[PDB]
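Next up is one chain by itself, shown in structure tokens, the form deposited without the ligand.
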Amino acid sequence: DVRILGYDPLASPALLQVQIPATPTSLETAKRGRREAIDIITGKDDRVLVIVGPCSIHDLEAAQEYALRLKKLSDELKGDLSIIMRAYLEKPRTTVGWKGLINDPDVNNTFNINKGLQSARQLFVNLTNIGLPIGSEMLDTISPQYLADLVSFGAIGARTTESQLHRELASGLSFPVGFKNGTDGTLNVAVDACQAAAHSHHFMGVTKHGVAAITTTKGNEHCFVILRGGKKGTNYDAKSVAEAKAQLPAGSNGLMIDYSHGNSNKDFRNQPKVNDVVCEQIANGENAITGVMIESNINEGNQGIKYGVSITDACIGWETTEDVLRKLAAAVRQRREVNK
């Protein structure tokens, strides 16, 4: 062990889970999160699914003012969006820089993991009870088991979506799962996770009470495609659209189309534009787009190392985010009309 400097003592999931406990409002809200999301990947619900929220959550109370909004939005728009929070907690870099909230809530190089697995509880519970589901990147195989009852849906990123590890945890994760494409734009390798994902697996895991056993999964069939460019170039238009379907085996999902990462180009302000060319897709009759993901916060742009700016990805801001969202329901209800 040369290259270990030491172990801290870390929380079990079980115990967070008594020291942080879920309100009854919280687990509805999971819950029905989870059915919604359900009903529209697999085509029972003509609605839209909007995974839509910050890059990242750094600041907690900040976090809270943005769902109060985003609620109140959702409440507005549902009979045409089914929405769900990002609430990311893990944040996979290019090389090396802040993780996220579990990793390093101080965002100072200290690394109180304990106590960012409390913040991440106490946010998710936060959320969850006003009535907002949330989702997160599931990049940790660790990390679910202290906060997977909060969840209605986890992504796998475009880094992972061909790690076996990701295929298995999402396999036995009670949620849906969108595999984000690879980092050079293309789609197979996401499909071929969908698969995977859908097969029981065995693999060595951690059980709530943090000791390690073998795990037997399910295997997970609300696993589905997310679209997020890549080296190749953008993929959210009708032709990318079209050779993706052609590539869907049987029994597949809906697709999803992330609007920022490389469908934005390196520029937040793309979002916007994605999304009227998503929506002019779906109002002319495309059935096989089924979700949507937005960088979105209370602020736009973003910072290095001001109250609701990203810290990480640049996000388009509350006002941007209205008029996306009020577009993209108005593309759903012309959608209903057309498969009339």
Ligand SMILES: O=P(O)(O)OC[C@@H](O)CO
The other form holds:
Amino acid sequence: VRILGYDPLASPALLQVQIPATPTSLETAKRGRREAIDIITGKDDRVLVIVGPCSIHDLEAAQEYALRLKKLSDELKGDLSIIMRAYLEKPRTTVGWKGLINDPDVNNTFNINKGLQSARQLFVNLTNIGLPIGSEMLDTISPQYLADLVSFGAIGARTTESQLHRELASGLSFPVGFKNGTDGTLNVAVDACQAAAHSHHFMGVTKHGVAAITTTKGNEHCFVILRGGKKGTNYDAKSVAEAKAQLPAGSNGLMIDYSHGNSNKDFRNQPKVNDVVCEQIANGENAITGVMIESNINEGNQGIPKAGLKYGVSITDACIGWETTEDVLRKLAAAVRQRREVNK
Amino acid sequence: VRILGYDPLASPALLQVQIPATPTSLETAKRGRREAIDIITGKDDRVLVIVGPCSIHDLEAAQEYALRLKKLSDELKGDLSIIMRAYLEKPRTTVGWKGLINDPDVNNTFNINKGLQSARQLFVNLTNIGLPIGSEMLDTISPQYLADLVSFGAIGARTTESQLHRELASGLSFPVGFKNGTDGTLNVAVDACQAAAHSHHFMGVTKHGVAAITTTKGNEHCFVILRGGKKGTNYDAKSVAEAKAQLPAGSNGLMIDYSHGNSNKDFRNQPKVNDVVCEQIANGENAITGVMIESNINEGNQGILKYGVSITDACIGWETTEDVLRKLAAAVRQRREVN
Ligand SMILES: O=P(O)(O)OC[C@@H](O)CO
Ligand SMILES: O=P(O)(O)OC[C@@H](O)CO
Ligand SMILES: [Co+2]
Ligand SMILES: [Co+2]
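Just the form deposited without the ligand so far, so send over the form solved in complex with the ligand.
Expanding to the full complex; the earlier chain stays at the top.
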């Protein structure tokens, strides 16, 4: 009585034939995974940076952003391994635009087949210039359409406790970051990393678009992302110490989100978080192996009236602009270099 | 590289033909929905009770429990509308047995086809004696297999914030209770009820076992369940007053879980919670429309087997359950007098 209807959906395999990855896309996605693994598992003393828009709504603006980020990445590659945020799926507090896949026209038409086409085309476009990408793995079905192109997955604060998302992460072929809970505590993310490291058996959709029983291997490349919350921000040295004390043997390095709960309702705080994180890194904190930054061409955000949208400005959370981003990243690279001196 | 394999899965439509609902089963499911709706929406002054095991691992023990509960339901039907907890899916803190569907043999062999068969057979067995059932809607695919038999769905504390579960709830044909978060606060459950009331568009598995785009209508029959948590228990008058203050216009009545966070790691506290809830109801609290109780044939729990004892959270036993529900029925009668 509460299903209005079902509409046909192209299978993952069909979409993959229709929008093939280039060899460059595939190598880029592989390289991103390898570099991320090496950092979170302590093989490499560079910092892993997941940086880019809160959400993608415009392929052309995403491409411009990507070209700037790739240029900066080439310059800072001795110190930072950069993966672009290319987030397709947005968890809402209640309701709102859910992202490019769910409603690519941003006008409540919900053309999900077009959204999947736009998402896969975007992912090919970005990786094809040699820039690895990451996204929040919110939907448990959409990864089948896109995972060959992805180097990093986030499980959001609102889904870190969800057994379905822990199951999902246990079968993804790339590193996964679990955000702490929206209440600001990290136990649920530590628990999620534990759970996702195990094999799981569950029903899921295959590349052929049919439901089957999935058996996963477990994902040893899960790590905690500190993103603040109701209890307060958690990017500081005492919070980091508290996090380290909770991590089991075998744990990977920590990532600090400069945005969301750690920015206290304000994009202008992201450079302030960067300063505190840089201080810790430069003074020899080796457990901070990653950061996350919400960054766009231009700063701030805007409401949704698509033809009436301002260019290069977020339609979800407010972001720092490009110029601020470059400053933040250069400062972070300097801190990485200083950490090496302390470690020598 | 992290998918070891895929194994074939019977479709929902196939399972529904293989294990058909009886006419009694379908009428029972429909009745349970109607009665739950009337209570949570304030049409009926009875209290809705979701009562039964933490989890089902044993179909025979579940049937014996059900026959007892059905007899008690008949006794107390002027005051209580009873739906049995027939929970098939268990959200774990980290890892552990996930329930009857995931691993019916309880031996890490994960025969999900057998689990779905056992689950649907169980659900037909229970509803066929005239006892409506409810379950936690953890898996987003399994409801296709079972929803025709279900009168109530819970979204657990660990998934109330999940947009996938809000989407699911928005398309379920029965009332849905969203537990408060594990931190003990209600905001996320209020938000979830708002979200689930809207129409959603999302990818989902159909009765034919294939993925398609689903459009839902929205579910106006979602309500909050108070189940305690880190910030403390939330079954007392202050907690209920605070809850009522955050409920928007158009909200449904509250349900109080006696167990989980509200029992403070101890099944023996469920009757104590009952006393505090009864006091409120009896003195005129009309916003409490539901309770949830973890109950089995025998009390306690056991590690992973003794008949009628839970292999997950500890439950009150049958005799205690009779006492608790008779006292609750008395409180409902007393509230009628106040009103
Ligand atoms: O739904 P909102 O507006 O609270 O936004 C949630 C975002 O921060 C994450 O998608
Ligand atoms: O995983 P556990 O042992 O903490 O048990 C969780 C239960 O209370 C809910 O399934
Ligand atoms: Co954001
Ligand atoms: Co329980």
